[PDB]
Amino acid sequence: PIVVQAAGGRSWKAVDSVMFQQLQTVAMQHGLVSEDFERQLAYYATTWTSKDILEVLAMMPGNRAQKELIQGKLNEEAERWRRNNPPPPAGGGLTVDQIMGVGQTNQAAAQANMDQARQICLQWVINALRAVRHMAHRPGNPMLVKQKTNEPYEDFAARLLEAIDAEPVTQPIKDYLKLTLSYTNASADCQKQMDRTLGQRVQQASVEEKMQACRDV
């Protein structure tokens, strides 16, 4: 983390063991690419030098698989950034090494000069995680997901909602998918119960109506 000395001096202290425990526990239970890890890190990564955002990501337990896809995607995003900002004709500017904080000494990362670099680094990592989770089809194809046999509608809803959120499409498309799919991919037992309960509004029904009917009596 970056420490703001009273005189405005900036120094680096190791990520507090407690912060690793929270990030790691989210990483074991939910995916390293899971939106929950993406959020936790974004809440706690306002005070983290560029190197730490990268190190915490490497240290967090998770499959070598996802850590492999993220490393490739993170590099790919960095490539695009570099073609975008040719080296600076006047002034230091930002090079991929500076933004990824490779070649710079830990204390230097805290120095305010890199203020921009922490932000961009977090941006790529939080872009990388989003891209990896979508590719991992951990949510899966949105229409593809269907109710498990003898499964609570809420659980199907949880998978269906995650898939609808993961797809990179405008909100209106997500809304139509959320209302229409909830019934189409639903199991017959909830489907029939919803069909009678919500009548002919099954397509125009909200998630709340469908989840206060199949899950409940």
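Numbering follows the first chain given and starts at 1. We call the rigid core the largest set of C-alpha positions that still match within 1.5 Å between the two forms. What changes on going to the form deposited in another entry:
- Within the set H137, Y176, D97, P87, the hinge between the two rigid parts that rotate between the two forms is located at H137.
- C-alpha superpositions between the two forms give a turn of 18 degrees for the smaller rigid part relative to the larger.
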The other form holds:
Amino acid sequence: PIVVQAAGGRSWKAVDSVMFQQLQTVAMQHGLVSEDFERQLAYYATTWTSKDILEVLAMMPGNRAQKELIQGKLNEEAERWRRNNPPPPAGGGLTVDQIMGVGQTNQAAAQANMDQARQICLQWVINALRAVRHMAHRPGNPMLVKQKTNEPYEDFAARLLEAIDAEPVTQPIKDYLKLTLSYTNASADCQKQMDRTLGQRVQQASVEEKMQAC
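Would you mind generating the form deposited in another entry now that we have the form deposited in one PDB entry?
The text that comes after this line covers the one chain and nothing more.
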């Protein structure tokens, strides 16, 4: 974390044991790659220095094969950033090193010059966790989801909505799935009940309207 001193200069402070434990328990209960960990990480990582975002991620509980993958993606995110942007002549303001906090004192990766590098690092870590999560799902998962025999639509909606979230497809194509796949994937019995209540709203009806049926 970074503490902004009264004068205006900034100093480094270690992640507060409590916050470290909170992120740890969430990773242990769910997954380091899980969406939950990503959510809490982003909210509390604003203050975290680029080096901390990488040390307090490597202390979190997970498999060693998984950690290699999370570091595989953080590398491809870095190489992309190096490519997407031509270095400015003289090598520019920033480097993947500065961003990943390589060879920097913990009180210099928390100075004002590293605010931008600090944000880009967290951006990559969240993207890396999402990438490992996305691959963990074979494509077509919303298509694969089918309302289980005699299972509440709520349960089907929860599987289907997560499956649509699992896909990295843009929000608009995700929306289409919520409208189209829900009715189709819906088990025939709910689908017949939806057809009578929804009527023409076969795709028009929202998932909530579909939830009203069965």
